[PDB]
Amino acid sequence: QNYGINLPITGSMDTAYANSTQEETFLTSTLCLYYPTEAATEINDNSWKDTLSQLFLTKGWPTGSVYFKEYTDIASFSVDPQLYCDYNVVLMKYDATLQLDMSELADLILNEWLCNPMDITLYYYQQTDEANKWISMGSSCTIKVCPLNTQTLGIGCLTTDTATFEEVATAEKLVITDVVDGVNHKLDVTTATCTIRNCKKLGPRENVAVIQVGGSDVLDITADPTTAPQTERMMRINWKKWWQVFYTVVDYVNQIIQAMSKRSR
Amino acid sequence: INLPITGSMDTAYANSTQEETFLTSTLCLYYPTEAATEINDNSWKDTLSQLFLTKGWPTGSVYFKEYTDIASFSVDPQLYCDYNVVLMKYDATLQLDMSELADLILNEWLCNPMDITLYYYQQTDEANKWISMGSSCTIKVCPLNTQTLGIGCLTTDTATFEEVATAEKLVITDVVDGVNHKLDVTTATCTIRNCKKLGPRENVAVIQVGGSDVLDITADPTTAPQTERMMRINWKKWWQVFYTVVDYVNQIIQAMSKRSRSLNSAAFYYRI
Amino acid sequence: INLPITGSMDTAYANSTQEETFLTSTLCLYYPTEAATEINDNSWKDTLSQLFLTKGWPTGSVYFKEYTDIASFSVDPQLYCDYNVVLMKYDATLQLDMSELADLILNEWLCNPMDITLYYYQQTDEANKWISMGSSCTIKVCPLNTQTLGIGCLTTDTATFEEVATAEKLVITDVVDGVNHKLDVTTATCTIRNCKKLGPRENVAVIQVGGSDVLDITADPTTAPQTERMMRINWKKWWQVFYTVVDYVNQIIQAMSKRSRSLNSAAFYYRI
Amino acid sequence: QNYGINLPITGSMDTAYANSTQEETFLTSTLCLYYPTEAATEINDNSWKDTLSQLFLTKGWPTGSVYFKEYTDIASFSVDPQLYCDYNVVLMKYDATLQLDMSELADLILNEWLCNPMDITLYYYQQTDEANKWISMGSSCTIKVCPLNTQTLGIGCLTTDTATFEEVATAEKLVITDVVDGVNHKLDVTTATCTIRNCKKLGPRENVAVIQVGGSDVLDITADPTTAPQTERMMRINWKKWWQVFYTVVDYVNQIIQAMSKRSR
Amino acid sequence: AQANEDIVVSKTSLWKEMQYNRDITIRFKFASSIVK
Amino acid sequence: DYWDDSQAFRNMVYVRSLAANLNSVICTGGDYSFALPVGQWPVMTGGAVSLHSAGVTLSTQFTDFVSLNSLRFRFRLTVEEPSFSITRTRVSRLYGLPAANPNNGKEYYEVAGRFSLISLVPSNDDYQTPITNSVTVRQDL
Ligand SMILES: *[C@@H]1O[C@H](CO)[C@@H](O)[C@H](O)[C@H]1NC(C)=O
Ligand SMILES: *[C@@H]1O[C@H](CO)[C@@H](O)[C@H](O)[C@H]1NC(C)=O
Ligand SMILES: *[C@@H]1O[C@H](CO)[C@@H](O)[C@H](O)[C@H]1NC(C)=O
Ligand SMILES: *[C@@H]1O[C@H](CO)[C@@H](O)[C@H](O)[C@H]1NC(C)=O
Ligand SMILES: [Ca+2]
Ligand SMILES: [Ca+2]
Ligand SMILES: [Ca+2]
Ligand SMILES: [Ca+2]
Ligand SMILES: [Ca+2]
Ligand SMILES: [Ca+2]
Ligand SMILES: [Ca+2]
Ligand SMILES: [Ca+2]
Ligand SMILES: [Ca+2]
Ligand SMILES: [Ca+2]
Ligand SMILES: [Ca+2]
Ligand SMILES: [Ca+2]
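Chains as they are written, first to last, in UniProt numbering: chain P, 51 to 315; chain D, 55 to 326; chain A, 55 to 326; chain X, 51 to 315; chain U, 248 to 283; chain W, 354 to 494.
Some hints could be false.
List time: in silico DSS-like cross-link candidates among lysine-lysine, alpha-carbon distance up to 27 Å [to be verified]:
#, chain 1, residue 1, chain 2, residue 2
1, D, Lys-194, A, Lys-250
2, D, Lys-143, A, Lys-143
3, P, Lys-250, D, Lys-99
4, U, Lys-263, W, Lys-459
5, A, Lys-119, A, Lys-109
The hints are simulated quantities; they were obtained by calculation from the structure and are not laboratory data.
Next comes chain P alone, as it looks inside the complex:
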């Protein structure tokens, strides 16, 4: 029961595999699907949630373990996405005009961020490593950055004239900013409408799973443009209706929950 420490664990290769924890995790866990308003609109029914719960019942998930939480738009969900469940699925519609927004959403929910506050007006910040970014949430973020030199003066910008600053975000609801690591920056942000936090990336969040309902794999989680990965819980589907998508999620939930693992934190 020692908390706050990390010790070695030993084992062997002779001991035998235990029984399937499936059919018991389903009974002592919670599942939460995040669907878009388009789905309910196309379906046009008021008992589809009870229907899907009755179907999940055949898979073992009991009645009040499955939850459905609507979200009108990818951006409205990006604005402070609060995933508080023991298993989260997120159905995400593809739109070539939203690639970066719904990749920042992936980089936000799939991964686990240690976020500290920021006071732009007093301090001038820098990034320390390739995991410390600046993530900004709100209704309309308009971020501008001035890199500075050793002598606390700007580079291609003037520390007073805000119009000289360089723009990286304009009218965005969720931004994830990566800048050069080792130079102090000065920021101009719409603090009234957006709060920005200095956030270090950690080991992933194995509790959530994204499902791109439409187009090809585009999600570039990794900022460094060399990896371009595709994790086990970044899935894809092709769609012409939504009842088929939900029936597929149901019929292959076990695969999804084998792809997802409960959090360490």
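Let chain P serve as the given structure and place chains D, A, X, U and W with the ligands on it in line with the hints.
Below, chains D, A, X, U and W with the ligands alone, put in the same frame as chain P:
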């Protein structure tokens, strides 16, 4: 970790982790509006940062977060830092409120939601409580009998319910454990959560700026303890308060200790 | 009994006497009229009885006794039960009054009467005090020298005396021990008695419903203790107070212990 | 010095008979007579207390040890008797219309009761053993009781209609009620004027002594109609005056206080 | 406990004592007879 | 008398441990215009009375369509301030409710409640007790 730890009493005392925990940690103050009002200065935050710089905390590590009032802070607090200090003004007309705030932030709560319409709940042990947050929470309860009817109250006539709160922003409620209660809440304006009190939160530090020690964290009347991170000051200004905090910040953070449970920006964990 | 007792440390820890003392004992609350008023219900006593029933206390063992004022209760408090709880509000203007009440009910006193006109009395030890009860007591005292004359007063002029009470329903008077005092008391409305403080009464439990700890049971200004059956709550309502007392009655009774001396209904023994 | 504990005390039979405690128990103890107003009326003197005390002086009781406490009538004294002295004597007149009153008074003072409170409106009580009784005091008590059956219904009475109840007391200042042991009784009482208490009779009170001034022995202390005892501190006298009675009490105070023993409690 | 519970306090082979605890909305109405 | 299509009233013929928590309401009478042939038109207007919860029992609702083994809620009356008076007449200021227009142009009187009972139901949840009717009573009438 289920495993054990071992050690020895012959090993040597390592150097001071102070002057490094400062660097690799963040500090955050929670001051009332009254402070900045009495001060009437626009650079006091940078001033205090430059002062902390002597104590070792670097420039971009200290933070200040205003809160207009104790109750407006009690409404869904969000402590997201590595070392939190709170400065709390004393008022006998707010004693239970600024004790509930203490009970909420000093401790670490595991909260589930509550559906009053469809369900009737009960407290299992002396660590389960009901914490309710919002702009105006009016909470009434009718205890129930073995056959799901009322005891000194009518299960429908809400006037016959028993009033435990009247237009309160943060309410912490403990009822007789072992019986089912039917609740009435201003659900439009307040959310109520069934929360269990786990081990304490060693990341925060309350500082009562005025009157004698009154905070009774433990809802039981017998203990009435005084933890190490529940400090008191006597005051006539606020610049002296802040200079005292800056001068004795080492003792404060030696009385505090970083968390072990998880990374979380709210004042309570959620487990559905 | 004068004989000695003997025992061991190998002998085993017997079962919990709780859940049988509850059946074979009585519990009695002393609540203010303010609580009945704020509640405005005519069945809360039966409610609390049915609640206690889950904690084990049977129906006919729980009792409630309304007292309108701390002073009205201080006028000859009559505790006749096996476990007494008292809910005591906090008022700075009544600090010494609700401290004397504690000093009187928490501790056990052995009282002789006093005949002011015929005799002149003194105190011998640091526990021989003069406790005066009534509806309006106004006490004055003249110390006397070795040769039965006055010191700063005259034996005849009741205006030269030194006033220590001004229309107080209960007073506990400690004067210098070793000198004889001539008293003047409103005997028509008050009775004064020379009492000796014995060991404590472990049958009663005071609960200060409001502000900070103020009760100084001991008259000497050096101890300022805080015993175990002396609690403190912070409150905004009364149903929360009662639910708390109920949920934590077992801690209260574990903090209390049935008496040893004798059966008595008054707060003090009489031996003439 | 162990309190609250009961331990075995040893002894022998060759030890010698220690000296007399009389003539010292008098000096270190107080005596208190309880005489009726009739006696002072017949006397018609304002110095008879001082006279009796000066007489007591010869028997060894000093001035400030003897006390006299007047009562107007047997029932007015029955209302909350406060016998607080080291030795108590109670002179008691005989009247056939008050036999039960002056038996209840004796039963109350001669014996040491352990009294717990009662709340009629809420609770329905029962007597467990042959020593549990209900003693009610006050200026005018009027008590009615309904036995109840296994299912909380009445027996020759209706739980609601108070008139159906059975009247055991009718405007009495002191009543000692014993009912059948084992059946829950619902009560109605004039709580505005009387207080009722569930009292268990413990061992006797050896500190008091009743002296019946007139008629034959009548006091049936024991509720059980089988014992009909007569203790050592239950005295009797024949009178045609009161000065003779007081002279007799004085002249034989030593035997009285040999029949009386200081309390245990 | 739910506001619309249904519990079993005894169950033999064919019969069973079922407990019910439920909320209801009694919407009633008078009706008058007028004979002239 | 009250009845529902719920599981509690499906085969209810036996009931014990019966009890209920009902809230009190206020029944107010309306305005009935006595349509005289000629002359003035007196109107019986007013009347208020508060219905308070009371004991509960069983009953049977008989009708020309359905027969229901139903739950009988009682109500007692406490006279209220609004009195009923026949206008243009020598009668007024008498408490009670009039039996001409009690509803006061309302569709119904609503009151919420809770009930708790224990009934005998066959273990198999498929049994059905006759509800509907086809009545031919009072053929002499
Ligand atoms: C483990 O699985 C096997 C195969 O189904 C089963 O027989 C066994 O009972 C399981 N273990 C336990 C402890 O039930
Ligand atoms: C700890 O402090 C001592 C005394 O200043 C110093 O000599 C030593 O090097 C320090 N430890 C390390 C690891 O530097
Ligand atoms: C004492 O407690 C133990 C543990 O609960 C129990 O098994 C035992 O029966 C108890 N004995 C008595 C005499 O109460
Ligand atoms: C006890 O009585 C005898 C005879 O009167 C006497 O001699 C003796 O001194 C007495 N005891 C004491 C302790 O005085
Ligand atoms: Ca974006
Ligand atoms: Ca530029
Ligand atoms: Ca970067
Ligand atoms: Ca509050
Ligand atoms: Ca109530
Ligand atoms: Ca509790
Ligand atoms: Ca006083
Ligand atoms: Ca003087
Ligand atoms: Ca003294
Ligand atoms: Ca009598
Ligand atoms: Ca009868
Ligand atoms: Ca008896």
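Hint numbers not upheld by this structure, sorted from lowest to highest: 1, 4
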